[PDB]
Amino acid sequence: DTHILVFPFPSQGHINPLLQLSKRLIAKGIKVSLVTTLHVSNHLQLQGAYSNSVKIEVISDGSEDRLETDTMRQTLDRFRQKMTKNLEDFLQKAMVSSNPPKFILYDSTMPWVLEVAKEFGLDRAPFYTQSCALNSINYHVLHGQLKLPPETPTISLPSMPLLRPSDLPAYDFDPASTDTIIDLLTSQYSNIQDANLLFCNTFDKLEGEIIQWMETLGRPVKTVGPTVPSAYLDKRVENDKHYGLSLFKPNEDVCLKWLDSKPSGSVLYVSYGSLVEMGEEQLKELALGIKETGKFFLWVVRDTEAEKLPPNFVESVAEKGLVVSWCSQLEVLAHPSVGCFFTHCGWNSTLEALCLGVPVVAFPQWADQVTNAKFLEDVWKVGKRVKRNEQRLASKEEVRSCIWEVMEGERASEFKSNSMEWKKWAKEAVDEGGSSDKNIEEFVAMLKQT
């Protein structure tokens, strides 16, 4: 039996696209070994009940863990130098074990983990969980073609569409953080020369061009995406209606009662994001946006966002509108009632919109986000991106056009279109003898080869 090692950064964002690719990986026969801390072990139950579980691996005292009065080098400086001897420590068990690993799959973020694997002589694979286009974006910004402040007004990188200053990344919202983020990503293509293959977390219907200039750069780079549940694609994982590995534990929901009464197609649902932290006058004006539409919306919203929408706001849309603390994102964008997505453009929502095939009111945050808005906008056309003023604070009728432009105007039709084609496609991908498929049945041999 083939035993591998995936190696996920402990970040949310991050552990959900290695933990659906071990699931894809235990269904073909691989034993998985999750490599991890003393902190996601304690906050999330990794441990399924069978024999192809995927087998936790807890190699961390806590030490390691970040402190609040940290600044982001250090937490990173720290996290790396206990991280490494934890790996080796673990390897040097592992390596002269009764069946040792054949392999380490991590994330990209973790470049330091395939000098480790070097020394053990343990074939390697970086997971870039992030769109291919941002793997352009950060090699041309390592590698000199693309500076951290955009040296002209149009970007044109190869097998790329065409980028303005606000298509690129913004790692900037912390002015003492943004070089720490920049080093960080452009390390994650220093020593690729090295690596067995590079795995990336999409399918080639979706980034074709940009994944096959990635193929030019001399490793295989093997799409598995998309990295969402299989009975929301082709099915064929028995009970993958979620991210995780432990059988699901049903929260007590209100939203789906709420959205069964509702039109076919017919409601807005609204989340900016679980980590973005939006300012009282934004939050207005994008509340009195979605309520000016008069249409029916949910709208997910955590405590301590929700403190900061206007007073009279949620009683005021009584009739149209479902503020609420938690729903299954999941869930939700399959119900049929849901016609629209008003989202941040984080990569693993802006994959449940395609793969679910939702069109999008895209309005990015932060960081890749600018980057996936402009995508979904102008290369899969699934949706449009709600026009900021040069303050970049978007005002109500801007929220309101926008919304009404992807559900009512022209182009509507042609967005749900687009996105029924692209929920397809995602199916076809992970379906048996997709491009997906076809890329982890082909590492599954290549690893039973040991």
Contents of the next structure:
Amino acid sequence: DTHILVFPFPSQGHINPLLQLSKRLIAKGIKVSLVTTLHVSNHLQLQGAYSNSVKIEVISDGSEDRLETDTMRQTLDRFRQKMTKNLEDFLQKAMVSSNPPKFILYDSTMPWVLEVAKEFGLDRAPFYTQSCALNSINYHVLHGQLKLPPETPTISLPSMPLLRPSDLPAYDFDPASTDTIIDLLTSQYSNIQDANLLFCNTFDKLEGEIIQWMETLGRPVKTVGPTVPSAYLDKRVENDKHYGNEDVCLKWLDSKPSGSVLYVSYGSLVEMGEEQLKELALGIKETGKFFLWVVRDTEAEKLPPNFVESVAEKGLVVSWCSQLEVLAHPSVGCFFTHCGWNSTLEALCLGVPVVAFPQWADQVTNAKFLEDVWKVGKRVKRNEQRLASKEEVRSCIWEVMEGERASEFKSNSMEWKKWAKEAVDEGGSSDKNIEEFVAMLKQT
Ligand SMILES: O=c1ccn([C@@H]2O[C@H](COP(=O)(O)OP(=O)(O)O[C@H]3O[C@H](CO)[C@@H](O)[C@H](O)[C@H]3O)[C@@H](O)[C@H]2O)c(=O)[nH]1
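Next up, the form solved in complex with uridine-5'-diphosphate-glucose in place of the form solved without uridine-5'-diphosphate-glucose?
Next comes the full complex, this chain leading.
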């Protein structure tokens, strides 16, 4: 029996892509052991009931956990030192056992895993869970052709679309952490010469030339995305309808005409100012369109006093909906999104045009691609003070849903939905790369 280790960065948020991929290759006959922390274990559903259910391997005791007193660097140092030792102790046992793992697939944000696998002679590959475009940016910042402060007004990287400085990832939200975050992202490409493969959460038709550029770094690149549940695409893997509730959103959507509703989500981790949140709320109201806005309790409290009351007819403002179920609903014609890589891929897979309102990090670069490269929507015009007016919000929504290019966006959205599904369906670019990896694993 062939089994591998999957070791994603242990944070609630980014372990889903690796789990989604795990489902693909559990279906192709590969057993998977999830390597994770005590903490993740407690907040994760306990081990499945089947023979080929993902096996949970807790290798830490909790002392790696970040402290309230820590700087990000200090948190990262303690995490690396302790988890290095933990992995070493784990493989010391696992490698000399009757069925030793054949591979370790680890999040690219933990490059020190490769050095541990190298010691044990264990086949290994990083997994880049963000866009291939970000791989190009972070690589070029590592090698010095791009600086943390852009040195020019237009950035023209090989095989990339032209980028303004405003299109580049902005990690200066916490200036204290900015240096540490840039170091972490650039260190993802330092030791790739010893990686068996480089896995990427994307597909060939979405970033084909960028992927071809990455292949010139000397290693086999395997595009295996998008990691959205099969049920919303090729529908070939049993269940796989969610990542890793009683819904009202679906009934409310059922009464609305096809393609008429704006789904609003500016991210489940993004905080927003009362000022900007007021302009956004009023801007959505001014369009006069049916809208479903999912915003969490702490964010929902910062809305204008009578806002929810005032949109009793057109607006459904709720604490939570199944984003995948809402996007797949035929009444939803447009998605106001913060352009997180997961939201971005979900919009493309479900063939829904976007009103892009990026906030931080890779969202800025994802927005650029959605508007100028994939052409499935528009970015809300910002101010000189980075504040979007309710008029800028209203016009952007109208232009995407009712403007000159409205039909272009939906047509392009349906094309990407087709191509995303084709990539993960039998014989697709992603399915082929996954079959190759599986075949390689059965060769030992
Ligand atoms: O009401 C909601 C909100 C989200 N989701 C799902 O939960 C996941 C997380 O969504 P969200 O956090 O809104 O967006 P992402 O695209 O995952 O963005 C995440 O990852 C990005 C990386 O690009 C970061 O920039 C963002 O801060 C971070 O939220 C996705 O799979 C969504 O489908 C729901 O099911 N319901």
